[PDB]
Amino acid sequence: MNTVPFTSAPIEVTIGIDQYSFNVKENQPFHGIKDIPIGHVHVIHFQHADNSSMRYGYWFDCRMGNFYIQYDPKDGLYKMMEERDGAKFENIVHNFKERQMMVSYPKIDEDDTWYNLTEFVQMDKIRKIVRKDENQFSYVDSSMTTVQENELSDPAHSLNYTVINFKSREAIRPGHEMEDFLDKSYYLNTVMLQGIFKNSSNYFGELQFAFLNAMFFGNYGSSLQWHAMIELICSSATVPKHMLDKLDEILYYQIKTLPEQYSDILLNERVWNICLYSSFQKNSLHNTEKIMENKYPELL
């Protein structure tokens, strides 16, 4: 079990870790989060009490180093940093635990939600989508745009998700115009699975990371990317049975975890009604379909 200490809490902020979050008052003595389950990626994220605009946060993995949060009064935000001095860090951490200034990552033991949301998410892959190779952790916020979004402006701050576009040469073989557009099996399995992602786990990882960026930061371009990767699977007539069963699980926990009041902007009516009711895989998403219906029958 690992710790992310905080130097201070100078400004009133709602801090989240994964799907948990705490209200922290201005100069409340808050000094970190402890008992963070080793073995998954995590995200610590922030929404200042004064600016309910710009949710931001850091993806990290505690195995990849010792990380702490410090408020920057120039740049105006909680910054993740890495402490290289292992001793100086166990020192900080143990002294804050003793003084009991740290919240416990509040995992219920029965609860696999975070594992299920992050099953396929690797920090090595996050760091390719969010390119900043001098940090082992990855900054994402509400306003970051995706590589696809920019094409249609600052590349240093972009989300380099894999471009998916159903009306592109990549997606459509010359001579199979009608086939490949009605049945994206080619684009999914040869171009994307075999070609770009290499395997289904990297694909599911990007999908899952895109969902989480949408949920935690309302990153609209991640939402687009999550919906694209679902639609590409659902619009392929020929999908490995294992990807289909895993996908139903993935989406179930994502739909399960979404705040109820957000279903309007995070969930795209067309994609879901097509995936659950019109696509080749209409009948392959039983869990995802059941929860969607009993929880958002309006959208449908």
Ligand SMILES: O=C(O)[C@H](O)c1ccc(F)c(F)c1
The other form holds:
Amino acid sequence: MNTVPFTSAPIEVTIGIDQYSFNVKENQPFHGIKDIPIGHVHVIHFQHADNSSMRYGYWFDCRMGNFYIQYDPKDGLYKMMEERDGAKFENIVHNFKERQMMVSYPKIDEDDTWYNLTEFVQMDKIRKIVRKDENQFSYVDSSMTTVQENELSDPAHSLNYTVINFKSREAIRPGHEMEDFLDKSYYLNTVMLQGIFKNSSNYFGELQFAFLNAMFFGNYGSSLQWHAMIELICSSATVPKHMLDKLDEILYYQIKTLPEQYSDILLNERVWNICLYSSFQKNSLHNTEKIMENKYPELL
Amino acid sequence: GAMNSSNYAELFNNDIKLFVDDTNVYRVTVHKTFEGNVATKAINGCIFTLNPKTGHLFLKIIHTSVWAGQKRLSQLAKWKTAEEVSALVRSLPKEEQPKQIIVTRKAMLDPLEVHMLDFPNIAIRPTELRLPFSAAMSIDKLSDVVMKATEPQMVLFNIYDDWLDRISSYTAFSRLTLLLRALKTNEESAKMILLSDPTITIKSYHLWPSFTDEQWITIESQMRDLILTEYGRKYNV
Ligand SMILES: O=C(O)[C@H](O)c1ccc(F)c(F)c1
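Mind pulling up the form deposited with the ligand bound next to the form deposited without the ligand we just looked at?
After this comes the whole thing, all chains and molecules, with the earlier chain placed first.
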């Protein structure tokens, strides 16, 4: 297990670590999070008590380095940093752990939720969507726009998701206009899977990352990307059986984890109704359809 | 955006634009079969593509062979319309290509946008006008060329005859839409009005009779009377 120590907590804040969250009071003796499961990416996220504007946070993998959080009173936020002196880092962690100044990552043994939400998410691919090469971790916040949003303004602070546009020359072969618009299999299988993503694992990883940024930060462009990647599969008549079965699993766990009270802002009625009831794959997402109909029947 | 009564003079400015009406593309007769089921038989149709400023009508005749062995013909007809409009645009010199294409039915928007992706600067717009272009097949010379066609064909017409020598394009379009609305509302009575004077004929190279200015005023009045008469009959007014 690994540890993200905190220099201090000078401002009252709600701290998220993956799907969990807890409140820290102003100047409370809080020095970080221990027992973080090795083998997965993680996200540590923040919402300030005095200013719920800007949710922000950091995607990281403790196998890539030793990371800690220190508040910056000039820029007014909790910043992730990397400690290159391992001896020094192990000493700081051991002292915080002995004084019991850390919360423990509260994973139930029966619970595979985090694995199920991040199965295909890899830190190296996160660092291509979120470009800041000098760090091994990646900063995301509620306001960051996507490359697609920007085309329709600071490029260094953008989310470089793969652009999906159903009414684009990339999506539509000259001479196959009706075919490609009504059945997006070409765009899915040749352009996206074979051409850009190389395999379904990378496609699902980006879909899962987009969902998590939508949910944890309220990042609107990420919600748009998540729905676009779902609709592209559902609107394709030819999809490998193993991709459809895996998509059903991915979506089930995402719908299961979504806060019930954010459904109105995180779920697009058109996309979901189209995908579950009108699309080529309307009968291929049995688990997702069942949870959606029982948890959010209003949306449908 | 959409084109309506507020921005109506836009139709007659110097930006080239075309209306596209797909109503008459896919046309059928419905009939009983020997076994007592119902079947359709397609008949030749047409795309009505009109420049409202100049009167130029690009009438693409849709021969029934284009439906052979195809499914979901009502959907296909929209895509075929868009394919043919795209082909027409590509066939025109650059300086004749439209800057806007206005579709009379919103279901044509996606088909046309998708076919026109190569032309990002041509705006594809709907309209809130209820235009009577479906009645184009009530114009005898247009119906005749459509029904006689044995293969796909494009025929060019000026739907305003020589009116633009004497009236503006706004007035010409208003006359056309009144005539077509009357033909749609009561075709027999409208044709009677237009042809009830044998001394006023249709020139070989025209679609409508050779009315003088004063006679056009009378005709337009009679067309308005016809439309109002039919409204009273319909609603018991
Ligand atoms: O004591 C320090 O040097 C800083 O407060 C600091 C620096 C690196 C860390 F890993 C850490 F948790 C705290």
